[PDB]
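First comes one chain, alone, set out as structure tokens in the form deposited in one PDB entry.
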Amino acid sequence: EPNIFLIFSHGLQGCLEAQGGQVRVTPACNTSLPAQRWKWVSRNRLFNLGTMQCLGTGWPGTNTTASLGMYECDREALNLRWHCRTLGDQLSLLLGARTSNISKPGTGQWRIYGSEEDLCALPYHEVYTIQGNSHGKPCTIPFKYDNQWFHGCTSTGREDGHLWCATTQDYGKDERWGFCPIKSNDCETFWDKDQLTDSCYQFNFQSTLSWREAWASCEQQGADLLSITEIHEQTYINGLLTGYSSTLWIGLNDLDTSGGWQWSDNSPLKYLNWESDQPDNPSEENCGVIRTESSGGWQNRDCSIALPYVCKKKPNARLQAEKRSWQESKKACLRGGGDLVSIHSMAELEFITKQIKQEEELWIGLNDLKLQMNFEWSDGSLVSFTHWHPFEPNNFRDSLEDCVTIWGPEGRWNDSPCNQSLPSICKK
């Protein structure tokens, strides 16, 4: 089982254990004894596998030094809260010393046993539930189910093998639960597969999660937040979304470089379904959504609001200085046997940055002339890479800017009116 560890004291040469109603260091360390096996769980609690309880100290009426004890993990009136960085020091401190220990005949770092990592090595990570009745809320670890404590996900209580967790600490009381995410290359359960491609989709209509939690939820399933890379993809999504009413997080965000738009996965931004007046509120709303209200259009929203979200996975997978309009800046490339330049890589971008361009604006082969905000190279190559300018493409004011420039020093692009007279670059 992952994330279970023994706690080894170098000073006292032994492992922490819980047994017989005591907490103590035993010189015989055994990785297979439940009394010696610990796990970090939620709310900074340290769970013992053999006792099924959490390490703590009390609040007695006698206001005096504390000692270690084991407690039912739902008793949060007590001090059940530790911190992995200071835990070793506090174990030593609270273990104390008997007079026998400091008066012997003849006149201490703690670590995971084995690997010898620090006690922060195996932190607890929240696990967002899938479907269930909990709207995606993380597992409550540990939880009680049929009078037993579980320190992780379990198939107990189900016949179908699917691992699940409670989303409170007592399922019998509350009956709130969800499935645990699984990493797999199959799309059969909790997924839908586009059969025309390798893509699998999960529309979690009933979940309410922040964009970051939704990102993590898709990550824990071996997937990523939806990226819409192609008119084909937006078409499938629109078909699937017909008849629903929902607003869902997708992988689009400007978070890193303000205004720089990107998929959370690495897909190029060659396709934009922004709604009419969106993006608005640039410093405010940093994360994209898709909405049925707009027949599949995209808005940006404050990333902390709780929304449903879509997960996706694909398991089976020289210059011309003469100023002219973009249009037949291409004609000048075609005659001469070439085409306006396409860029498939950041190196090919830098290949062209200082070398060919040599200090300002100029045309490349990227254009949306055929379908608005679906960008293609004029030389017909795959659009596998894009370097845009924050807020671009735009269509400044409401006006068609159907052709792309290199405006700026470092090679980032912009969509501008195709009749602006500018230099160009060709390739063959």
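Numbering follows the first chain given and starts at 1. So that the term is clear: the rigid core is the largest set of C-alpha atoms that superpose within 1.5 Å between two forms. First, how it differs from the form deposited in another entry.
When the two forms are superposed on their rigid core between the two forms, the C-alpha shift of 2 Å or more among 209, 223, 237, 80 belongs solely to 80. The Cα shift for residue 307 between the two forms, taken after rigid core superposition, is smaller than 2 angstroms. After superposition on the rigid core, the Cα atom of residue 9 is displaced by 2 Å or more between the two forms. After superposing the rigid core, the C-alpha of residue 401 moves by 2 Å or more between the two forms.
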Given for the second form:
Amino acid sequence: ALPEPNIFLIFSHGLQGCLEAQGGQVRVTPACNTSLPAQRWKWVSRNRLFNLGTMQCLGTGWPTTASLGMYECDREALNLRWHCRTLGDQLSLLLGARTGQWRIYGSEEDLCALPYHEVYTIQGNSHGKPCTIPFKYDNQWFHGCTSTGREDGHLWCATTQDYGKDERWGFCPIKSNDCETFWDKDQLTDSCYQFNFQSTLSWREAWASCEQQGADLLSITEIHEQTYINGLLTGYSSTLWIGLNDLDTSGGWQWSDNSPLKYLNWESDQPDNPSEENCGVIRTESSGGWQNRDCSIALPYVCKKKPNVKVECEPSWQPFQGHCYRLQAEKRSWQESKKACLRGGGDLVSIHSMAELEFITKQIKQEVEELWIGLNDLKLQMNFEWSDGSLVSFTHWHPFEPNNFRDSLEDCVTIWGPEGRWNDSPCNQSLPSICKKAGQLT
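I would like to compare: after the form deposited in one PDB entry, may I see the structure of the form deposited in another entry?
Lone chain follows.
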């Protein structure tokens, strides 16, 4: 009753038929049936190929002549290791059927198309370790998660090959549209948050774990969210992976869920070691301050999820998507640039999309190296807003920007270079600027 997106049938274009396991052996049947467990296969851990009909793994003898067999996935006493690049050639050699490339049935994609992927456990006693697939529990083999032995229905898996022996397990990640049972829900935003305190995972592993849940590593986009996160941290002493990273080498600091980085909680001396230490953490010790750390260390992590044109203008301004834009060539401070924009019925430009950024960069800015745009923290330090009051829906920062937020109390934002990435600057730098205003529909 649980779906099997990674299960496939194995089709020999030479023998015109599917690989089937019954009796003790494996043969080709010209009759291909996608519903017959005996014909259904999946890659599992340690290069093993699992058959649903037998609940066993394909094998051949160690270096005594060849053949092919179905064996309990425990067995050291046969070679169960298969590599998807060579699997077809091996089936031809060991099958013995005298007459051809092997592919996945019906899509004809090659046998590497559905690799085994590790699935990180949630809670349990295993600190986040992936499911061991397959695993024995109470003398049955499981090729995936199961609700058996558990009456609340939740899917779980063993993190050891033998559960009766080691009793190590964890819950399996769910892709869900609600927050039930694994999440705290903020009543105000309907955002859901998961604090895996008992888990030790690298940033990439923790990223993958949140993705397996239909979620992402925590982003903190506003002061209320920081505050609500600190409230959930109360009573704990911990350092947890969050979504903040500079890993993209062309850009600056960013959230992996691509929220704007408009709000900054960095600790006083952070970020440091710009070379390595590419991934962010939240610390209870600073009550929610952020650090950048080496991405390969194993830490607890936090996951987050949400269950959620023609125009014209006055001369010297140019249309884009119902708005109008123009360059102010005169070099001025950010404050005086805004005043100049307001004298022409507009504000310093706000940028809500990459398309809008590209029009601005290529059509308006053109050869001008650096110029003021509307983003700034003047109202409340560390919290960036557009001067025109529209929402900040995305950021594009140059590498290691923004760096000016602690040393300049008044921190403003430019556009620099041909790609249209942003810098932050003390607001008193004298630069050209760009104005935006609402256009007139024709």
